[PDB]
Amino acid sequence: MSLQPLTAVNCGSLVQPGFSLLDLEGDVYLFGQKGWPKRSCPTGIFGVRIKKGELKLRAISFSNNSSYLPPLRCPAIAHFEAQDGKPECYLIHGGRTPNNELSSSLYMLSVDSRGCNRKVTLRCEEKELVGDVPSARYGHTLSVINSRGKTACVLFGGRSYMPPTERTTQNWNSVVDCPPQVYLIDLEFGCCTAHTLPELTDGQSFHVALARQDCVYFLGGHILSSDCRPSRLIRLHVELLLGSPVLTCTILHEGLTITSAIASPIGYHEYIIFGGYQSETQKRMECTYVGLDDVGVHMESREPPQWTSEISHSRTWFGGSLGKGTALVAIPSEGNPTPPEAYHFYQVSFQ
Amino acid sequence: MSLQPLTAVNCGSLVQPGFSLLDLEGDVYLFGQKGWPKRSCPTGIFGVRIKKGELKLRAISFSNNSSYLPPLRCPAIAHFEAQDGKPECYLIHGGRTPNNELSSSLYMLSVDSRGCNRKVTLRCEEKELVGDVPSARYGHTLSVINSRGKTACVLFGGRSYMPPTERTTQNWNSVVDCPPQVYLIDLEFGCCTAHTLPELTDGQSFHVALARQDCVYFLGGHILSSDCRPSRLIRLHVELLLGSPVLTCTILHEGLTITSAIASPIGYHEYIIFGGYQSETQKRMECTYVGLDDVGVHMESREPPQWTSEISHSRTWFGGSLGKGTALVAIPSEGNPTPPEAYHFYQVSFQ
Amino acid sequence: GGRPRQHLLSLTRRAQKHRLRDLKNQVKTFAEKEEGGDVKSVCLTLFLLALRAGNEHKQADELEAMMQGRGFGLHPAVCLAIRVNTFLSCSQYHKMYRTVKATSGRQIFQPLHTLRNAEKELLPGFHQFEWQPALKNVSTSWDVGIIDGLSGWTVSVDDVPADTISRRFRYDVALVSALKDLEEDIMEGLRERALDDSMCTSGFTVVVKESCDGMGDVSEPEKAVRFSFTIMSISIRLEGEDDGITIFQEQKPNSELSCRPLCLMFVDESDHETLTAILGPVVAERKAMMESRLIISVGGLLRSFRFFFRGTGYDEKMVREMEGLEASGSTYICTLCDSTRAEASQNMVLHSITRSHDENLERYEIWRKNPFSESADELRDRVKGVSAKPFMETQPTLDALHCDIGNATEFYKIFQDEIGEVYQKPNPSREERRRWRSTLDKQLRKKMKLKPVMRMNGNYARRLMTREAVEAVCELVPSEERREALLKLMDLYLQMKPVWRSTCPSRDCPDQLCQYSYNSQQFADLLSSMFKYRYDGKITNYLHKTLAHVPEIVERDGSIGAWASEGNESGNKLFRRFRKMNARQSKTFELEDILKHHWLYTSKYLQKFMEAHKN
Amino acid sequence: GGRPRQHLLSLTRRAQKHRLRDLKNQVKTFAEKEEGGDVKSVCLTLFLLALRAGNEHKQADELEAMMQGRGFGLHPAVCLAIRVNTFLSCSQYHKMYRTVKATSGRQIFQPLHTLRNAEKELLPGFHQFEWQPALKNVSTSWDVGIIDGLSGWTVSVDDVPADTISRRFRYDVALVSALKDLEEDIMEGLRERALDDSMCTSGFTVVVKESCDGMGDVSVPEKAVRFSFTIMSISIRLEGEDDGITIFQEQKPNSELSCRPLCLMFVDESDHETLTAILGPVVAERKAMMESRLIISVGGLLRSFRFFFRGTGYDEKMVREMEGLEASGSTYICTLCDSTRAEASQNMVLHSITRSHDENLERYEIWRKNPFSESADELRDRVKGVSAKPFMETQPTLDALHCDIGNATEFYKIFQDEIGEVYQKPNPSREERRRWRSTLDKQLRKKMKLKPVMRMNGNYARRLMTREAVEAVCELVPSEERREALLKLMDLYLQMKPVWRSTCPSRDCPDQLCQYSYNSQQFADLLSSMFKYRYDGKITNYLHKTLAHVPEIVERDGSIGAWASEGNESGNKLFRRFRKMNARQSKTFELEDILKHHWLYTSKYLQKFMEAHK
DNA sequence: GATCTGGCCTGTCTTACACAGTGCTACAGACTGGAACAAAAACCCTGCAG
DNA sequence: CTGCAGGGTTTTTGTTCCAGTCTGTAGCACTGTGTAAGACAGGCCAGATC
Ligand SMILES: [Ca+2]
Ligand SMILES: [Ca+2]
Ligand SMILES: [Ca+2]
Ligand SMILES: [Ca+2]
Ligand SMILES: [Zn+2]
Ligand SMILES: [Zn+2]
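In order, the protein sequences belong to chains D, B, C and A.
Here the first sequence is numbered in the entry's author numbering, starting from 1 and rising by one per residue.
Here the second sequence is numbered in the entry's author numbering, starting from 1 and rising by one per residue.
FYI, the numbering for the third sequence is 408 to 627, 636 to 1030, going by the entry's author numbering.
FYI, the numbering for the fourth sequence is 408 to 626, 635 to 1029, going by the entry's author numbering.
This list has only true hints and no planted wrong ones.
Below, computed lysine-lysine pairings styled on BS3-like, alpha-carbon distance capped at 25 Å:
1) C:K667 to A:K502
2) A:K447 to C:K424
3) C:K828 to C:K866
4) D:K38 to D:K56
5) C:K988 to C:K1002
6) C:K988 to A:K502
7) A:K431 to C:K440
8) A:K1019 to C:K508
9) A:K440 to C:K440
10) A:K440 to C:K447
11) C:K587 to C:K702
12) D:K38 to C:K804
13) A:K784 to B:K127
14) A:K864 to C:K1002
15) A:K431 to C:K465
16) A:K995 to C:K1002
17) A:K431 to C:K431
18) A:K1011 to C:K502
19) C:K435 to A:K465
20) A:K508 to C:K502
21) C:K857 to B:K283
22) C:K502 to A:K1019
23) A:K508 to C:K465
24) A:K502 to C:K502
25) C:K431 to A:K465
26) C:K638 to D:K34
27) A:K502 to C:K1023
28) A:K447 to C:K465
29) A:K502 to C:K1029
30) C:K995 to C:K638
Just so you know, the hints here were simulated from the structure itself, not pulled from any lab data.
Make the full structure from the sequences, and use the hints.
As structure tokens, this is what we get:
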């Protein structure tokens, strides 16, 4: 559990406080850049390199049958496990656009071929969704499950503006959480179904969740309605029966009062939280290991790496995990004149 | 014969253009300091050490029987060569007071004891003037002669504020050439007598003259009555006849139009004239050298060392020989904000 | 005995009433018995008739101008206006007020309370109205005032922060404010048209141009944009065959005094996120506005109003950045046709207008799906460089000012290369180019008396594109063939400069438009002949535009200098002058005040008082 | 039947007289009975009273101003006065003036050209005079005006760089302009004193207070130096037989609104050379004027004048500078006593005042020649910190504002100190003092409603002296002895503080002055005992002066505060605002303007015409 | 090699140096009525002062 | 006839209250929260030789 400050050489403006990372077979690609692409990188996705404390970026290309994708901001991300029919997809939906609008669209990401020289070819297939489709929303959550042995993917959460009827020129940035309703989706075909639960008293957003072996745990976030960060846990036992995938759930004693954290994987279901936000003004700052088992979820405090006084005194902080128990974060840089590198950069690890 | 960009470690704010650099007994000593002497060093003079393009300024201390000297700004300097009965002297007169005043007072400076630990004791004596005394002037030129075989001191040149009758509060900062009288002084006793010269049209300033074996050679300088710069040097010979120091002059038709140049003595009487101002804007960039003789001037322009665009662009400059074919020059610097070392410094050498 | 009784006018009003009580109650009872108890009118007529009995007609007429005539100096209006018309702060105004009150009694100016309230007469949100049909997705509240651009931007640090400070008005509200301002001249244009007023209350036609352009050098973050707009003209569509008679037409649109700001935000011009996040509601109301009919009590009559808009007031950079095209120097330069780079050099005169906002949407859709499963550059080419999603409709038009600036800089470096011999030396060196720069600088310092600048202003441009500057620099280029070449070049250029610089070319230089085709073709062919040295396949976008687009656009719309956006640039100077003098200063109030002041600055209802009684 | 009664004010004057003739006869006969036939004034007064019954003062004032004379236009004086009094550009004034002239003009304001002449009788260089004896080395020309401070400085590049731009007047001309301005009021005071106005008109006496402070942040700050003077109090001895009679002593000399600037220079306050090069001529001409007498036509009579000059309006470091005292925390602490810093702990009151200008000159010469061959720091001792040839003589006194600011920051510091611990933790570290100041300002904020500041401000110190902030903070003290002790110290301070703040305690409040020695003794010894840990041998200089010299200087020089440079510092705001928005951006003329404009700002002529009956 | 020491360094102290003028707001002061009341300003009117 | 104190006179001038109102002047949030020079104390230390 160590942190090291980094300094990116030739990249200092493209990332924004809300962005994303995606790993395919150990290969890291940044997703979500500030604004539309220039003439430089018409894809906006960057293969990332962290070597001798230096941070480099390189541009990616795609196939021709692969449609291109605008830079979403805070969508739900889901690694589709490599299996039939098409390994190895990685799901993207649906976030908000550079133009402050929402996508409400499903993209599947995949690798195609390589190289030649460390070059990797990728692809994006927009798949239409049939329903009973979900509405446009962002900051939501979605994960995959298997039911003997069918494969489905379920979404819930997210914020959105007021409905267009009351959409008001003075409320045009006012937003509320989505209704407390999940949406089950088969990937083939693009079916979508909406479902509410009696225990599901209220919608939410920002929340992270982990699925495994037909059951999911919905973990802590924050609800804007009551302005509360309820530290309970949600846990839904779901299954796919022909043709009604019935779904039950329960509330455990305690989850955690955290908001929009950085979750790294280390094992199958041994994961770790690098801190999100406990209070609206006060950041939670320590780690927390969480395993999930068929017996249940098992969580324990850990030793937090020795934070820099600066990262201790940032007002904001964010990022994702480089993977396998390693993460990367950035801090808004304070200086007049600006560096103008708007962020210090740190690299954290465990053990 | 080349330069070197020095750097003064500290105290880069105690150096106005006009100052003096006296070399006796090895080390060189800076006289004249912007503003009155701080308690950091009361006697104001600083021992100079040049190490790795770096400039160290050590404080100095006098004897107890010595006198105390104001930092005269553009004074007259005389190296009295080592001889009986008190080798080896410098003579400073009469200078410009830092607080804006004049002093016709005459100062004899010498070294007394050393060190033991490299700290060298100095002393100064107010040498009273009787005459026919020289009026208070500045930028004037005085040197020393030894004729049959006794030693005297010859002063000429220098401007002065308007006479104390036409001293107009609205012209207070006006200053014109003093009347053209040569001043012959014995250091003991101070029988300072003036002498006319029917050929010496008028006074002048910055005319860096030179004398060799009681024969003096005034190279041309500036004449404010005319704003002209007649190049030709004027030779003259003084003869310390008893008791009338008879005089002769001669109008050499070929000299050099130079104001306030730097002259490093290389040989016994071999003097390289570094540079000064041949115009109001055109500074003397070319180097110069004269071997002195009974024949007199024997002039060659040495190869002028390369000049950094820095020294090329600045409006003016100043400096003085470190002795031994070596000199230090300064440039009024800029910088945003103030460096505040308002002068960049360059060493220069011969061969 | 008795104390000597003094002159009634010199007694104390207490003692004056003490001694006058008798006739006081007499006049009281006379008013009550004969004139309905109106003592005021009674004593007014008493003084009036007593004065008019003594041949005091002048003083009586001045008194009659005082009573029932608003005397008391001049007006609240001109008072507040003059306060604006010289940027005087409030404390200063009151200091002058009390002064001119004490010395030279009979105060002329108004105190602070009178003008504070008088504001709300010309502030936005004062005249009532409504829409038919009702305005969609818009609150019908009509009395609102200033709103910070957050539009309910939730401040959740978990989400994107509310770190941006902004103010704005409600679009319709400033619109109706400007119209109600110009109801005066609309009634006067109805007059000049000798036109009915009880009738023709439905077919009014109003057109507005707009603009938005940030600026740096605002400090001691750092940048802000001033989104503004101004009415251009208004005509009559009723009742048939008559297409339209210009009832009002703007005379000085490029002028600052016609530039109505609407919203300001402490943001850079670059980051497309905050700009959209703020201006969104403006776009929504804009598009929701084209349809409904507004009801206004104009000339006392409730009449309807409809609106057409033409987005013009944007620099090339912003024009693109709200069109999602390649910014900036890619193979697609014509923001109207699909030219390549070298094809605009291949043929420099035969281009049409194709780039249409709707087709931009349609082809961004093709980019989005790639229904033909094509490669990156392949689909980019097939789509003709439609790289991003469009965001807002602008009329495919040109800015005259920066097109002139491009002509200026291009001819500038032409001179810099003609002092030297580039047609002999195809690859001259950087330092020789800088020496040619400095000699051109000193040449135009001696002749035409101009100093160098690192970046150019408009006067630099105009004073550069002059045949006198040509013949002044031509003395340095030795080849008398190249001299005549670029001499005829500048000649044919000026043969058309006013064509785009004309406010009404249909009248101001119609023959200059007629031969424009031949002049521009001569220009391009002269390039290809003698100046192809530089224009092998590389050109500047502005030239491209001034060659193959001027006549088309102007004939389709009427002018260019009419739709020119110039004002905002120098108005940035005004914004700075306002801020550093009248600020509170507090961030939540800086704009919240400067916007008021600024909007006030541009009411004809005031500016006429500067020019109305002056001529 | 009959004709209906309409409104009386709408029918013709025939019907008005018809319906009002009875009351017209009533008012006619009443005016004839009570005032002798004054119909006009009676109907006027009744109409005005009826208007005012409804509290309609405005229209009554309107109509009365229309009657008994008028105010149609304006006098040009107050016009230009107002213009300068609110810092407007000529462009502005013209736009506004043309505007209003277009509207109900009746041109009231006046155009520019007439103004720009109407002041040459107010600007200097305009009033004829002469002297007896003549001024030594001084032009007798009474006409000259704005002069570049260069004093005919030789532009010679080879010589000293002649760089700084400056502006100023000729000291005499500013003085005579100030007089010719105050002349109305000196005549007024003559009448008040009822002394003859024809004779006894040659032996007046004018007190001059000089002052000069630097000023940064004038855009690198550009750190330009401001120099001003002010007439303080004019007295008269004629025809003798007496001491002198103060005709006009200024009432509010503290106010910058009576502080006229004389010289402006675009140079730092520390670099001595250029400072001297531009100040020398002025001090020289002042020394020259000290002897002779001035002749001026004042009150239509050719009266005469002599003067006395007080060098007070200066900071400490500058005083030390142009006196030659080693700035600043030297071993020689006081400008006015010669004590050591260390010895100022043993004794703190018994100290004499001997430091005088010519004496310091003599001591500097005795330094220069060293007629005793004594050692270096030995020489430093015997000379008592005299080693720098001074030129500018000053009155040996301190400024009120600076004593106040320094004691205020001393208070603030010791409060931060004793909130933490000193005599129970002897050596505190830097972060300790930091946190103590943080929590100190927290206390000063939660109540007493003060926001923190980087440096000491004036009103900030005023509130920093209130005992209520002391009752608020000292609650944080653990001690009771020391707590009520610092309360009692604040008490003594409040009791004896307005003594130097006072304009004239001998007339304002002689009480504390009588017991000033006693309370100063009390507070000094209370500090010596209860706070020896902090003031063992190191003493803030201003505290030395206020604890060893206040009563003597008060006794000698009339009063104190009456000579504080405070008004000088205030003028900076002016010079700030002026440089902001009343100039073309050209240096050679920026001062040439700012002077003119500012010199206007101080005129009892103008200021009176500005008050105009409050 | 010892030392010591002249001088350079780092620190702590002390004296100046910036933050005011600004639009907005709230309150206070400044004005309208009836009665009947003291106190004065200055005519005149009387009485006691010679 | 003078002198002054003080009898009367009408005529200023304020005098008390409860409601307002029109204004001018006070109070305000508020930027930004360390600097820069020089004196003197001492700490240490190289350099140089004793
Ligand atoms: Ca621009
Ligand atoms: Ca631009
Ligand atoms: Ca000061
Ligand atoms: Ca100051
Ligand atoms: Zn085109
Ligand atoms: Zn003292």
